[PDB]
Structures are given as C-alpha cells and as structure tokens.
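Let's start with one chain on its own, the form solved without the RNA, as structure tokens.
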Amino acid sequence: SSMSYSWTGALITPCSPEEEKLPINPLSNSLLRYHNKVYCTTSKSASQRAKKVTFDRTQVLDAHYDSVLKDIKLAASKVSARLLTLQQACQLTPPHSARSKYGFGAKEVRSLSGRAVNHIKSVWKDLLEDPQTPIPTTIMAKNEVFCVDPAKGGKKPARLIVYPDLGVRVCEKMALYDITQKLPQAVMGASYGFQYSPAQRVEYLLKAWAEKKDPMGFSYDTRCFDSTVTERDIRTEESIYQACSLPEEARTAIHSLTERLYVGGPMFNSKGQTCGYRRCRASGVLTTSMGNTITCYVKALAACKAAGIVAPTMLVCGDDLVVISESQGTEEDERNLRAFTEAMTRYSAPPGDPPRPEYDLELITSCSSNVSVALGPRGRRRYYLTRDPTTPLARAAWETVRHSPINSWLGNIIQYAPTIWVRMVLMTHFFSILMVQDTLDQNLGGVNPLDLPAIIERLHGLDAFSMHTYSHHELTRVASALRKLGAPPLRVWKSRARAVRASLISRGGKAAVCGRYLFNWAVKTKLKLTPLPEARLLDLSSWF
C-alpha cells in the first residue's frame, strides 16, 4: 500500500560536526578501561539507518480492531480539552529547543518577544486557513552513545530525527498540548506507562502478576515502530482526538496538523536540499508519544482478542509493551503468541524478535528494564526495577570538550538506586569524583547531590539502602557487564566504597548522611538507618 519513505540520494547532514574523542578521559578512566568500546552514533551512518526503516506497509484491519477502536473513541468522548494561548504554548518551549528558520529561537519564544509572537500568529492563521499544503521538515541524525555489540554487528546506526520549524511546534501545542496531558490517561487508565515511577511500575506489574490464577507474561517491541505507522493509523488518531470535547478552532487546527504535518510531508537536510518524503510517523512532533502509545495500545488490545489472550493486563510505554494474562497451558500459550504476532503484523506492527511466553517475572523486559528481587538482611523479599548496566556505563564514560557525563551518572543513580550496580559502582564513583573536585554541593540539573539520601528514600523507600542479597540473573549480568567494559569487579568497588564512606563520614553534615545511608552495604557492622525527616517533607510527583 505505501512506503514509509522515499529518498533523493541527498546526504543526511550534521549540524555541529560530531567530535572526536580525546586521548584522555579524566573523569571516567578510573571507572572503566575499555574506552575503545564506547562510541557515539553519527550522521556518517544515517544512510544505513534510512535503509533499515524504508519498506512497504500493507495493513488489514478486522472486527477485533474495529471493536477496540469503538471502545477507545467512547473513552476519548469523556475528555474535554482546551486551547492553549499562543503565549502559554510559547512558555512550554524548552530552553534550548531548535531555533527557527525565521531569525529567532527559544529565548525569544519563552520571553514572548514581539517578532517571535508575531510570526507564530501568522503560522497559526495559515493553519486555520489552509488544511492541505504539506509542511516541510528537517531530518537529522540523533547522536547517542553505546557499548559496541559484536553479537549485534558492531555499531548501531544513528536514529533519525524529523521535525517541523519552531513556529509550527509552538502551534502544535496551542492545538494539542492539553490533549497530550489528558487523553492517554483517559483511554488507557492504569495501562499507561509514563505515569509511574520505577517503584510504582514494579508494584503494578506485581499486582497484575498476582491477580492471575496461573500467570503468563510477555513483552513485545519493535525497534522501528514509527516506520510502521500508516497514514490511516494517523488519521485514526485524529478521529480519536476529535471524539473529545474541543472548541471549534482547535478541531480545525488539529485537522490541518494531521493533514499537513503528521500524516507525512517532505524532508530537508540541514544543508537545505530536499532529502526525501515521509509517509509515516514523524520522530519529533508533539503527538509522537501520545500517538504511538495509543495506536500501539489499540493494535495490541485487538491482537489479544484475536489471539485469545485471556484476562490481559497491559503496560504500554510507547512502542514498548508488556502483557500479563491467564496462562492457558504452555502449548496453547506458544500458539496464542504466534497468533498475536500474526495479528500485530496484519495491523502493520511486526516485532523485533518474536515474543515468547514467560512464567517468571524476572525474565520479562520492558521500557528497556526488568523487575528483580533482593533479600533484606533477614529474609524479606524486596522487588525493584533494574536493567542491563552496559549502556548506562558506556554513557557514564562519554567525555568530550562539549559533553560531561556527571549528569548521566546522577540520573542513573536516582532511577536505579536500589540496584547493585548503582550502589556499588556508580554511587562509589560519583561521590569519589565530587569529593576530589570538592564540588560535593554544586547543583547538577537542579538536584543537589547531598540530598540523595532523602530523594532516594522518597522514591524507593528505605529498602533501597538495605538490599542484601541480589539474584543470580542480576549478579551474572552486572559482573559480566563490568568485565565487558574493563571496569573493576564488584569486590574492588567494595574497597573503593569503604574509603569513600569514611571520607563522607569525616566530612560531617549532609555528606556524613550520604556516607551512612548510601554506603551501609560497604561495612559488615551496619548502622541502623531510620526514616529521614528531610524526606517526608518532599514531593517529586513532577518527575514520573
């Protein structure tokens, strides 16, 4: 029926030319040794990407699909959404968002400068007047950092970014922002992935698992989900948006955005030549996350009914998806997943590798991570979110003239605080670097490191500081990842840890608390850690 992309042969071309690595990585050459293995995706590999993502889609919908859609549109109907003022939409632009072809950028937009405002007014008008002319976009290589995978053929090529001009982006929000805030929750309820913190994601999966008499779970991904989205899928999204109570202006606005932007349109490289034409999901438009999540949800829910998945509970993180249901016997279970996959494929949403039924929660991966179990010092099982540390570690080792990894360290420490690799490797390194630099309280991305104990307590609870015995899977993976990157093994970290712990303790104050709480696993004679008052008086609902 249609190709995801047509190309012209023009090259997809960098902005600020990707930078060579330096002969010394002073912040991380004591973290690991195999620096030769950490690499960053460049536009040089962008053709290789484009090939992987360009293919023919044909889609066959059915009664299950129709039925699911009817249900969702009824759900959407209960939502009412407002317009955002041009000004409000401007204020939601991020500080460093890509400046505009019309001599102004984010600072102007956020400060409501007259010409920025003015231009957007015209952009919005043209949207109201013209429902047809496709709106042009730029395509860029994403630069991300990985550890080399010999298994999966060396170096992943870059991801492709496709976005309209800043003027349009502001406009998108006037039209759709409020819907992005309300629609997903209303169509999917608890299935919606982005609402939860790690601990809550854990809890939900556990609850889901627990309520099946005889549970079975699987995850489904596709690497290339955007490519598989059809013009029709996109129009179906609009129709879903339209089932809401909107003002009329917004309805027009949305239709135009669908017809002129979302459904597809032409692509230019930064050099400014025509590069190709897109007939699938745009990587950088407002609706990308909402849209993928909803469309994925519709397709998956239909496919469950097609396959006879019994009593399914879903978690949806975009392209990424977990289903936990009632097992029907493993032989039936294997059959129903083949059927699910076949149905998904008819819907134009094939998988990466085919899914597989599992009967143990540790073996189920999604939003790139998994639930694991650790034993408190007296037997109690605690469950918590974790993942393969390889990428976190490669990212932790990426240092250039224009990039520092300390941020990346702290992000991981927070999200994965209960993990053995965070607690033994990253925590130990982070604190040691900051102490030597004497910047133990400079603020990184809005968080002060000396507040980790309370933040971690607030987020993960006091168990985060007493996970005593980790699982075989987890021990195996971590050890293995460390050997892979040439990082010291856990035993060496434990040493480093003891000395970090001491320095933090002698430093007194909040440092001493970091010492006591974060590094209690490092000493055989444990301090009794009690709740931090600093922590109850603290709200991070904002973050997850």
The other form holds:
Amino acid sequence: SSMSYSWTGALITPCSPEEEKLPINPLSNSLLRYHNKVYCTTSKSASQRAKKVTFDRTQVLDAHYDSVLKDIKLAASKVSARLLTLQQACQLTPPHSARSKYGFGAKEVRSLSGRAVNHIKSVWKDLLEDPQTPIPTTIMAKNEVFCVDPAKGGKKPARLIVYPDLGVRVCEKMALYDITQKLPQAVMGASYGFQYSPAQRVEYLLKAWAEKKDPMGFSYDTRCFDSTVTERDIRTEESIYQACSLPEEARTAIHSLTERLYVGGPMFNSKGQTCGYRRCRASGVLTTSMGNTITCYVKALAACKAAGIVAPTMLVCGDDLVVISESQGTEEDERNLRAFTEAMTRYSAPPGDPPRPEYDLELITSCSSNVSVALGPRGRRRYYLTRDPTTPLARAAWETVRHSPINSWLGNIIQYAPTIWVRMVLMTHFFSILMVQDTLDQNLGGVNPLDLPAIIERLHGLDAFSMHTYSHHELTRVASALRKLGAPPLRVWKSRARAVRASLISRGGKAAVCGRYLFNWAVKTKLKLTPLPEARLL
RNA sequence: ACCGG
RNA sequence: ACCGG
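Starting from the form solved without the RNA above, please write out the structure of the form deposited with the RNA bound.
Below: every chain and molecule of the assembly, starting with the one above.
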C-alpha cells in the first residue's frame, strides 16, 4: 500500500551549525582517553537516515485486532475532555520554542502578545473552516552524541525531526492537551509506561513477574515505529479520541488536525525548499507520544491473542514494549513469539531484531534500561534500574565551544544514582571537577549539587548509598565499557573516590554530607547512614 | 532544533 | 538542562 516518505532530493539543512571538536577536552580528558571514538551525528548523514526510513507499508488487520480496538474505544468513552482556552495553550508553550514564521516567538506567546494572540486565532478559525489542505511542516536533523560501535557499522545517522509552525503547535494543544492528560491513563491503566519513576518501573516489573506461576518475558523493539505507522492507524487514533465526551468544536478541530497534519503533508528544509512528503508519524506533533503508545498497545495486545500468549502483563514506553506472560514451555514459548512477530508484522509493526523468550528478569532490556540486583546493607536483595553506560560515558565526554557535559553527568547521577557506574565513575568525576572549580553550589540545570544526597534519598532511598554486591552482568558490562572508552578501571576510581571523599569531608557543611553519604562505599570502615531530615522536604 | 516524560 | 522519540 503506502510509502512512508517521498523525496525531492533537497538537502536537509541543520539548525545550530554543527561544531568541530577541539584538540583538548579539559573537563573529560581525565574521565576517559578515547575521544576519537566519541562522535555526534551530522546532517550530511541525514540522507543515509531517509533511506533506512523510506519504504512501503502494507497492513492486514483481523478479528483479533478488531476485538481489542472495540474494547479500547469502550474505555475511551469513560473519558470527558475539555478544550483549552487559546490562552491556556500559550502558557503551555516551552520557554524557547522555535519562533513562528509570522514574526513572533515563545516570549510573545507565553506573555500573550497581541501579534501572537491574533495569528493563533486565525490559525484556529482556519482549522474549523477547512479540513483538507495539508499543513506544511519543517524537517530537521537532531544531532545526538554516541560512541562508535564497529560491530553495528561505524556511525549512526542523524534522527529526523518534523514539526509545524508554532502557531499550529499551540492549537494542537488547544484541541488535544486535555486528552493527552486523561486518555492514556484510562485506556491502558497500569500498562502506561510514562507514569512510573524508575523505582516504580522496577516495582511493577517485579510484581508482574511475581504473580505468574512460571513466568516468561520478552521485549519488542521497533527502531523505526514512527515510519511504520500508517495513515489508517492515525485515523484510527482519531477515532479513539472521538470516542470520548468532547465539545463539537473540539471534534471538528481534532479531525481537521488529523487530516491536515497527523496523517501527512509536505516537508520543507530550513532553507525553505520542498524536501519531501510524509505519510507516517511526525515526531514534532503533540499526539506522537500518546499515539504511538496507544497504537502499540492495540497492536501488541491483538498480537498476544493471535499468538496465544497467556496471562500477559504489559508495559509500554512509546515504541519500546515489554510483556510478561505464563510460560507454556520453551518449545511453545519460542513458537508463540514467532507468531507474535508475524502478527505485529501484519499489523505494520515489524521489529528490528526478533524477540527472544527469557526466563530471568535481568535479561529483558526496555525503556532503554534493565532491572538488575545487588545486596543492601543488611544483606537483603535490592532491585534497581540500570543500563549500558556506553552512551552516558560518550556524552560525558562531549565538549565544544557551545556545549558542556556537566549537566549530562548530573543527569545520570540522579536518574541512575544507585548503579555502580554512577556511584564509582560519574560521581567521583563530578565532584572532583566541581571542587577544583570551587563551583560546588552553582545551580546546574536548577539543582544544587550539595542537595544530591537528599535528592537521591527521596528518589531512590537510603540503600542507594549502600548497595554492594553487583551482578556479573553489570560488573562485566561496566568493566567492558570503561575498557572500551579508555576510562580507568573501577579500582582506580575507588582510589580517586577516597581522595575526593577526604576533601568533601574536610570542607564540612553540606559538602561533608556528600562526602559521607555518596562515597561511603569508598571507605574501609563504613558509616551508619541514618535518614536525612532535609529529605522529607523534597 | 520539534514532541513527550 | 538531562533522558526517550
């Protein structure tokens, strides 16, 4: 049937001029040595990406799918959504959202500028007065930083981004924002992925695994899910939206949005040249995250019925999806999964790499991470979220005139605070750096570093400062990643940590806390870490 | 550099 | 800002 994209062969130009690395990376050259391996995706690689994503979809649904879709609409019916006032939309625009082509930007929008509030009214009236004309959109290359994997063919090409003018973006919010806060939580419940902090993701996955007599789990990746979404799936999404309590104005607009934007349209580069036409998901629109989730759920669940997966419990983080079922024997389990894949493939949701059944929770990668285990302070098992540290380390090492990685360190320190690689490698490096800049209290991305222990206690719990026997997978993987990037091995980081710890303590004050809590693992004679007063405040 | 979290 | 698309 339909082709995901068409191409005029125009260049996909970049926004922020791509910047050359420099001969000295002063913040990270003590973190790791192999900067040659750390690269960022250029837009000249945008061509390469388009080939990977341009291709024919053909879709064949069935009794199974139809039954799920019927059930899901019935859940949609229990929802009541309201329009957002044009103003309310504007206040939800992010601070530096790319300015509109009609001479105004996010400051104006958020402050209800007249030029702004006028054009948007016009944009909206046109949505109600016109549901066929395709809305033009812009296509850009997202630049992300990775580490060269030769195993999987040198360097990734840049991801493609497609979005409409800021005027239109606000209207989408007017029409849909309320649905986006109500619908998913209501068609998918426990299985909606974004509602969970890593702590609770783990807690769910455990509860799911616990409650099967003889569990079996697998994860289904679709690394081009956006390309494989069909015009019909999109309209089916509308159909799901319309199944709720909605005012007639909302309904007309949603429809008009679906036909004019969400289903497809032309794309233009920053230079303005017609770049191509699209017939799949746009990354930049409001519904994407919600759409993919719901669609993936309908399909996935159809597939389980088609394949005969028993007692399936699901988790959907957009494209990435985990299922935990009752094993029907490894013999059947391998059959049923192949089925699942054929089902999904008919549903126009193929995979990258086929799934495999697994019977150990440590081996189920998804939401780009996995569950693993170490021992807490009293010997009890502590289950926690982790991932391969390669990219985190690569990015930890990205420095240019217009970019600092310190935020990325703080990022992963928070998110992955209880992992051995954060605790031993990124923390030791972070404080080591900030101490020497004597910049230990400057607010990085709106967080004070001296608040870390308090934050970590709130988000991860006291055992995040005290875990101790890390699993073979993790130990192996981390060793390997550091070796792979020219980082010192774990044992060196221990030394470094002790010295870093000695300082933080002698500094007294909040710094002292950081020393005693964050690096308690570093010392021979451990310290009884009682809970933190400041902790209940966050 | 758009969307989500 | 970070992380995911």
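Positions refer to the first chain, counted from 1. Each form is matched to the other, and the largest set of C-alpha atoms that superpose within 1.5 Å is called the rigid core.
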| query | finding |
| --- | --- |
| Identity of the moved residue from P377, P134, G272, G352, C-alpha shift 2 angstroms or more, core fit between these two forms | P377 |
| Rigid core fit between these two forms: Cα deviation of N412 in angstrom | 0.3 |
